[PDB]
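Left out: one protein chain. Kept in place: all the others.
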Amino acid sequence: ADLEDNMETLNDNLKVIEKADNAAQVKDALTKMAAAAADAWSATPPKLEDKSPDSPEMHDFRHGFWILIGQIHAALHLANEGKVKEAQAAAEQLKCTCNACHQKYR
Amino acid sequence: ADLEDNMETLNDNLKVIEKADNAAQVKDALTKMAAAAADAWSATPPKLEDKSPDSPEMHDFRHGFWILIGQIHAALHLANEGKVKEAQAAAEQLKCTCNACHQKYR
Amino acid sequence: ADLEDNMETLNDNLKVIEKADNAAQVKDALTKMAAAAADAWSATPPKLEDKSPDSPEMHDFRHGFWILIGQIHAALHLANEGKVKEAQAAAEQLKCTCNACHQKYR
Partner (left out) sequence: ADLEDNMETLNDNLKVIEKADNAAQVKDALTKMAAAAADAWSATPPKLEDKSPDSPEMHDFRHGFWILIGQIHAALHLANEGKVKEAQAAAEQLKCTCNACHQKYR
């Protein structure tokens, strides 16, 4: 899909997890975030369309999604062990990424 | 879906990656493998039907999918940087995780 | 060093982190655990000395340390951001690994 669409999914499902109650809501939100993150991974942001597909900036932008995807799956690891509260905490801690990448490329 | 269905999707797209020609081909297979692996993550294999869901055996079973998905996303990292031959070798290498879990639980 | 020595380091520093107060104690304990885990990674446990260096069992044993090392560094990630309490939680959650691997190879 489209990069701003992916970011909406990321942000909505982030708030679903905060308000979630059971383990199925959390696990399904995290699944949607993973899918969106993997979709964004191949997009070119506005402020980088001038640079080369193989530039260090583009590499760095993609690395931001690699990191986020790992964190989302580390949260899925916890939720699939039944530790729903610890998975919600991990989803909160994810924030350091959405903000590091925004500061540079949003 | 079924654990067996997930395993069929993993096996099929592994073969696709070994025969692919273009990066978009390798990229779509890895993406399907990641989803199948995430869905398999929650399953109980027959050999463990009797164990408690919080036993170490189920913990260890789920860890296999966590390591597998991490390897799939590392291959996706190479694919999305354009390095298709490297992604294909990455897909080849992750058969150590397939074989390790099969020896234990298949 | 020696595998039982590494396990002592792992277990001691695990309890240092629980009792820790500031961010330097936690970060230094986690550093020692990482070093021990990386040292154990190349050892052969008692109950596996019969099998081949390249057997799926040996692969699986090493994968256990790869996983643990990642978790320790995910905890270092948090401690280096100043989130000492969240790093202590992550060190607690590490437990699913020490127990999954013990159940199989200890």
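We call the chains A, B and C, going by the order they appear; numbering starts again at 1 in every chain.
Convention: a residue touches a chain if its C-beta (ideal position, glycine included) is under 8 Å from a C-beta of that chain, and two chains touch if they have at least 3 such contacts.
A.B. asks: Taking the complete complex into account, which shown chains does the hidden chain touch?
C.D. replies: A, B, C
A.B. asks: Quick one: which of C:7, C:16, C:38 or C:48 touches the chain that's been left out?
C.D. replies: That would be C:38, which touches the missing chain.
A.B. asks: Out of B:32, B:51 or B:83, which touches the unshown chain?
C.D. replies: Answering carefully, the residue with contact to the hidden chain is B:83.
A.B. asks: Pick from B:17, B:40, B:79 or B:96: which residue touches the chain that isn't shown?
C.D. replies: The missing chain is touched by B:96.
A.B. asks: Determine which one of B:43, B:48, B:74 or B:98 touches the chain that has been left out.
C.D. replies: Reading the full complex, the residue touching the unseen chain is B:74.
A.B. asks: Need a quick check: the contact residues on chain A for the chain that isn't drawn.
C.D. replies: With respect to the unshown chain, the touching residues of chain A are 56-57, 59-60, 63, 66-67, 70, 96-97, 99-104.
A.B. asks: Can you name the residues of chain B that touch the chain not displayed here?
C.D. replies: 74, 78, 81, 83, 86, 89, 93, 96
A.B. asks: Just the residue numbers, please: which parts of chain C touch the chain that's not shown?
C.D. replies: Residues in contact with the chain left out: 27, 31, 34-35, 38, 41-42, 53-54, 59, 62-63, 66, 69-70, 73, 76-77, 80-82.
Note that in this section only the chains that are shown with their structure count from here on.
A.B. asks: What whole-Å value do you get for the distance between chain A and chain C if each is reduced to the mean of its CA atoms?
C.D. replies: Between these chains, centre-to-centre, one finds 27 Å.
A.B. asks: Cα centroid separation between chain B and chain C, in whole Å?
C.D. replies: Averaging C-alpha atoms per chain gives centres 24 Å apart.
A.B. asks: Give me the residues of chain A that touch two or more other chains.
C.D. replies: Counting only residues that touch two or more other chains, chain A contributes 81.
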